[PDB]
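Just the one chain here, the form solved without the named molecule, laid out as structure tokens.
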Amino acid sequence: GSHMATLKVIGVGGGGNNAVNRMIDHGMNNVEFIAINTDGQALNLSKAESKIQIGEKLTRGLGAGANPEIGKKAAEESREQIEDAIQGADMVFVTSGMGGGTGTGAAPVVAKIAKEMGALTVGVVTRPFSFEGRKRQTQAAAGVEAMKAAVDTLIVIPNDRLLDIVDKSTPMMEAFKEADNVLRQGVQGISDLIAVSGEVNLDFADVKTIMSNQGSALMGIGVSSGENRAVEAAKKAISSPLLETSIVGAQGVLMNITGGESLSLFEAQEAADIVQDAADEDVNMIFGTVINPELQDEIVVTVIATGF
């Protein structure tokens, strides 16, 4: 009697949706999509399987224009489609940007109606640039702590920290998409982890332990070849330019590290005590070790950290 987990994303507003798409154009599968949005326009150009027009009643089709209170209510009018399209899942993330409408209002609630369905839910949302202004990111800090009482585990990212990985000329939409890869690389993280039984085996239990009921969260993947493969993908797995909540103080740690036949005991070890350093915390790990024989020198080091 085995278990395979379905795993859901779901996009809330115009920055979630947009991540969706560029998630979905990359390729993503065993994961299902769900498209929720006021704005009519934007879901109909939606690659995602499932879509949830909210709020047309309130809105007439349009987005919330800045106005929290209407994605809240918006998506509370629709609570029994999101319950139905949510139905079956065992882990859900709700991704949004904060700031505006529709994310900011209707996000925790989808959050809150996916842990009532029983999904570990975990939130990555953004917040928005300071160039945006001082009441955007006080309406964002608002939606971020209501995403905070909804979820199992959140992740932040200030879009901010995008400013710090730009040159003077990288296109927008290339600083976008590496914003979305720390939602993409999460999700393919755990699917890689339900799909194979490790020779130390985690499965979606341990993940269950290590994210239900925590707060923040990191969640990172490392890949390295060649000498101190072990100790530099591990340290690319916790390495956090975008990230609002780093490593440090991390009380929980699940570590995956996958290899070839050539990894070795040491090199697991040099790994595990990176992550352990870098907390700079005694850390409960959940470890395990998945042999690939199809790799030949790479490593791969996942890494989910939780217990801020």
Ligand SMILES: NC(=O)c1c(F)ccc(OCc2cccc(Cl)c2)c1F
Contents of the next structure:
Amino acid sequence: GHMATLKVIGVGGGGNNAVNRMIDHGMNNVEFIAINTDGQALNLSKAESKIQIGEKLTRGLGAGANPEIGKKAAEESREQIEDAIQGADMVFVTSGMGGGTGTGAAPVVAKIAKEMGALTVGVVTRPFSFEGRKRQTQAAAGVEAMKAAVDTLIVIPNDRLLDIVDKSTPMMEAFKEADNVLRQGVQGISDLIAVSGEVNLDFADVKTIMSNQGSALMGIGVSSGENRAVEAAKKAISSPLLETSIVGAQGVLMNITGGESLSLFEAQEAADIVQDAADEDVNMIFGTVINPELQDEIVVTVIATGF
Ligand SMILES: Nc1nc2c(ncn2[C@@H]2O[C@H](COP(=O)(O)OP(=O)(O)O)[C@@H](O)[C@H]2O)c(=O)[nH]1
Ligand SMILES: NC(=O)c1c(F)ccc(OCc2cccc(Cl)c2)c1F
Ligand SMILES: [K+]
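With the form solved without the named molecule done, generate the form solved in complex with the named molecule in the same format.
So here's everything in the complex, that chain up top.
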């Protein structure tokens, strides 16, 4: 009876916004931690655990867009960060790259989590092009530092949100689409840990696919009716919001959930959709859950890594 301990850690403004909106949803058995220099924003966090970093350095303000201040702030507070991560088996570090606190502190937070043996996944945004080339260059250095500090990294270029809005779509509605990348990845692992599958996968399979593996994709597809299996598999690997596509994937963890009508043939169809993109020598871990509460709906979930 192994019950993996998951923690989601927001770092900086954007990261903690995403955590707050996640908490507004129904997320149980995940621990949320909020880390910021900005005391004003931190006080409005909904997370159980709040860590104000760098208070001596910033006097309670943010980092003023200076990543070196974010980095020093996280180092000043290393012990408080260690204490908050204690017990974690898996840590999601979420942050908006390009500012001061996220860019600088998020790699330190991820390094501490990995030092403590936790499976460490980064979920970060790149700035909009309209924020300017300098912010983009600063964010790019953050991404590289995250790569060197995490097991696996998911990068969401904010420019991709401009591909899914019309001219009137509210900004907050667009942000919720980016939030969903994190929410569905965390919820997917939670489901995998809690549910016993007819072909059962568990946290050790997640570790094999995600430990020290670079870029990652975490997707989910839901469909019904004819060709449901193919359509759900296509949805799970085709997010318009990710920087890393599934082409060339060297590891894949894949699960299909459906009712008692789930057929062997459609399991093959869904797996073939994913294989046709991945490397021919991909390490594929395939699972299946039969949820008789379901009727015609089928859910395909995919973790892809190794490029
Ligand atoms: N998608 C999304 N991006 C955000 C959000 N908040 C900030 N960003 C992006 O994150 C970058 C860093 O901003 P922020 O996190 O506030 O800076 P920091 O607190 O100094 O780390 C910005 O340049 C934006 O590109 C948010 O709520 N959603
Ligand atoms: N076969 C299982 O034990 C199982 C289960 F009983 C529930 C969920 C599972 O996978 C969820 C998942 C997979 C890939 C990506 C993501 Cl995000 C989520 C499973 F593999
Ligand atoms: K399971």
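Residue numbers count along the first chain shown, from 1. Rigid core here is just the name for the largest C-alpha set that superposes within 1.5 Å across the two forms.
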*Shifts of 2 Å or more in the Cα, rigid core superposed between the two forms, apply to only one of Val253, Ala271, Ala48, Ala279; name it.*
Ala279
